[PDB]
Amino acid sequence: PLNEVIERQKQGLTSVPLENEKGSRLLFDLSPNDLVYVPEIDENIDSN
Amino acid sequence: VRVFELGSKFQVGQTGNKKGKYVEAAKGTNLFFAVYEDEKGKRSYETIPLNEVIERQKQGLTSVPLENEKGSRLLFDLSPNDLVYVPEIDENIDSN
Amino acid sequence: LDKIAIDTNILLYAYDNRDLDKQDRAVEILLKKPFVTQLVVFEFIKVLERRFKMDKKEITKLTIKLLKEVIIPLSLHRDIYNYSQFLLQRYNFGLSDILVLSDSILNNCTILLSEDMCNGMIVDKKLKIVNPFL
Amino acid sequence: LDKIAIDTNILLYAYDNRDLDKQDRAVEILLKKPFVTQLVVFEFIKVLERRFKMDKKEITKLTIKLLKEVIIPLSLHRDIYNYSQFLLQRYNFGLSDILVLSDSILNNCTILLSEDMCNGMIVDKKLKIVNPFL
DNA sequence: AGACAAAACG
RNA sequence: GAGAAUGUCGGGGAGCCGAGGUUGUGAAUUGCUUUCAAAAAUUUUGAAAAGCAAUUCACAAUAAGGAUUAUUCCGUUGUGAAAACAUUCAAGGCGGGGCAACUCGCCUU
DNA sequence: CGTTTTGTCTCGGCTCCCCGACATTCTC
Ligand SMILES: [Mg+2]
Ligand SMILES: [Mg+2]
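Residue numbers (PDB author numbering), protein chains in the order written: chain A, 1299 to 1346; chain B, 1251 to 1346; chain H, 3 to 136; chain G, 3 to 136.
Simulated from the structure, these hints should not be mistaken for laboratory data.
Any given hint could turn out to be false.
[As the list claims (entries may be wrong)] Pairwise CB distance ranges (calculated):
1. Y1335/A - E117/H: 53 to 63 Å
2. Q1309/B - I74/H: 39 to 49 Å
3. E117/H - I124/G: 22 to 32 Å
4. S98/H - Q1309/B: 29 to 39 Å
5. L1300/A - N1267/B: 29 to 39 Å
6. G1266/B - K128/G: 19 to 29 Å
7. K128/H - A1276/B: 45 to 55 Å
8. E60/G - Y1335/A: 25 to 35 Å
9. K128/H - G1266/B: 58 to 68 Å
10. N1346/A - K5/G: 42 to 52 Å
11. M123/H - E60/G: 37 to 47 Å
12. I66/H - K1259/B: 49 to 59 Å
13. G1266/B - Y1335/A: 40 to 50 Å
14. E60/G - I74/H: 27 to 37 Å
[Unchecked claim] Reference excerpt, derived from the structure (chain H facing chain G, CB under 7 Å, subset only):
15. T62
16. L64
17. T65
18. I66
19. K70
20. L78
21. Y83
22. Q87
23. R92
24. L97
We put the CB at the ideal spot given by N, CA and C, even for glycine.
Hey, can you work out the whole structure from these sequences and the hints?
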């Protein structure tokens, strides 16, 4: 939510938390007009 | 005739055909019962399977993990014949 | 009613007996199961192994004992570095002290106990340092 | 296929340019997004502030930079101290190195990159140290 | 036969 | 009350072996379900595949696991932090036993 | 979710040490 982003940016922190409740590490955040690449089904893009 | 049952049975082992053998915990082997609490104050409970305890103790670690998947710090673990005190409904036993 | 954290110096004064009164005070704090930050634990380990030369085995055993029965370690917060950079502009302390305060605040700690941090100073309107030995 | 971690010395050799070949090698490692342990980060901060006297602001900014884009910090494992005590009986290293190895293994790290750890030695049949600069 | 561990039933 | 000898009734520990059962691999035969895939009048018949099995046979594992190449083994017992133990534990010599390995006694520290 | 119900490896031979309880005789 925009509100949480407001507090996080006020505190000098990143807009998106780097870890969720389960502790899963943040892969990345997407915003409108951002560009992403979808690899082919066979492609294995881990460190491409 | 082969009668089936729906439940949670773990493999006996991992080598050869031992993966194909599914068994249930032996009587009186649920020796550990972990109680965690999240920052909010809510309690979470779990029962540690014997094999997990065996592996943890072999690694020199405590029988019960000190945190759950959600990250709730472990309050304490209970075992049979352990003694607990239940505070009165009004009582607030935090550091009694 | 107020989450309380500690710094290395409290546990050191507990471990040291040259000063009976201060050791007593520090042990008195520990009776309250105060919270603590993992960096405090690591710094305690370093000081134990350098100043006191205690054995690795004994230091590890005491760390485990204290963390199991007396105090409560605080999970490291992934926002520690960004917040520390945020605190550095407004605050001029040792980066180690800034990291300790950052993690303490990020865990909602309301009181931090330490001496060498300009006692009574409030950090970002969230945590007031308390000097207990006075 | 094999989780890879690093020690402070790799990032130091990256930060140091006196040795072009070794700096190059260390930077080459960093192109692979190697994992790392938070204690490595803290020790890096200390060495940066003591040997190099760099500013707190600059060191914090570079730490954030690297942790954001190049490397991946490893969440501190609560079983680090118990395992370290377990490792101490069979292994005689610096308690700091033992802690680093403990956390690396507890995170399923398969390769640790460092020099001052008796290269090629296997720690509890789970992680082989690799000396890359040779 | 006994009492635990978990399916099964509401 | 203690001991020695002789009987009766019980209890404990250890050891050398045996027969199934279960799960899984393969095969012979027959089934149920689904899908394909045809023929025929939504229904009937036929081939193939997958799931589940039955009867019978050979084989693998049988506390997870860890040793070892001796015709050896340790893994559900008790004590309690030392993750350490108990449940094997000296040296000779003088003999009996054997196809010998190995087994049973006597003598002195 | 809170409660009750259900299912849980099974049978054969033989040997050799130990211990205790009870009876008999006698001695100290
Ligand atoms: Mg300090
Ligand atoms: Mg080091």
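Okay, the hints, checked on the actual structure:
1. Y1335/A - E117/H: 53 to 63 Å: holds (54 Å)
2. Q1309/B - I74/H: 39 to 49 Å: violated (23 Å)
3. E117/H - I124/G: 22 to 32 Å: violated (45 Å)
4. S98/H - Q1309/B: 29 to 39 Å: Hint holds: Cβ distance 31 Å, inside 29 to 39 Å.
5. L1300/A - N1267/B: 29 to 39 Å: violated (57 Å)
6. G1266/B - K128/G: 19 to 29 Å: holds (24 Å)
7. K128/H - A1276/B: 45 to 55 Å: holds (52 Å)
8. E60/G - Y1335/A: 25 to 35 Å: Given range 25 to 35 Å: holds, Cβ gap about 34 Å.
9. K128/H - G1266/B: 58 to 68 Å: holds (59 Å)
10. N1346/A - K5/G: 42 to 52 Å: violated (18 Å)
11. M123/H - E60/G: 37 to 47 Å: The hint (37 to 47 Å, Cβ to Cβ) is violated, given that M123/H and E60/G are roughly 25 Å apart.
12. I66/H - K1259/B: 49 to 59 Å: violated (36 Å)
13. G1266/B - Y1335/A: 40 to 50 Å: holds (44 Å)
14. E60/G - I74/H: 27 to 37 Å: holds (34 Å)
15. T62: At 5 Å from the nearest chain G Cβ, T62/H passes the 7 Å test, so the hint holds.
16. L64: Violated, about 10 Å.
17. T65: holds (6 Å)
18. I66: holds (5 Å)
19. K70: At about 9 Å, which exceeds the 7 Å cut-off, the nearest Cβ of chain G leaves the hint on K70/H violated.
20. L78: At about 5 Å, which falls below the 7 Å cut-off, the nearest Cβ of chain G leaves the hint on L78/H intact, so it holds.
21. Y83: holds (5 Å)
22. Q87: Holds - the Cβ of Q87/H comes within 7 Å of chain G, reaching about 5 Å at its closest.
23. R92: violated (12 Å)
24. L97: holds (5 Å)
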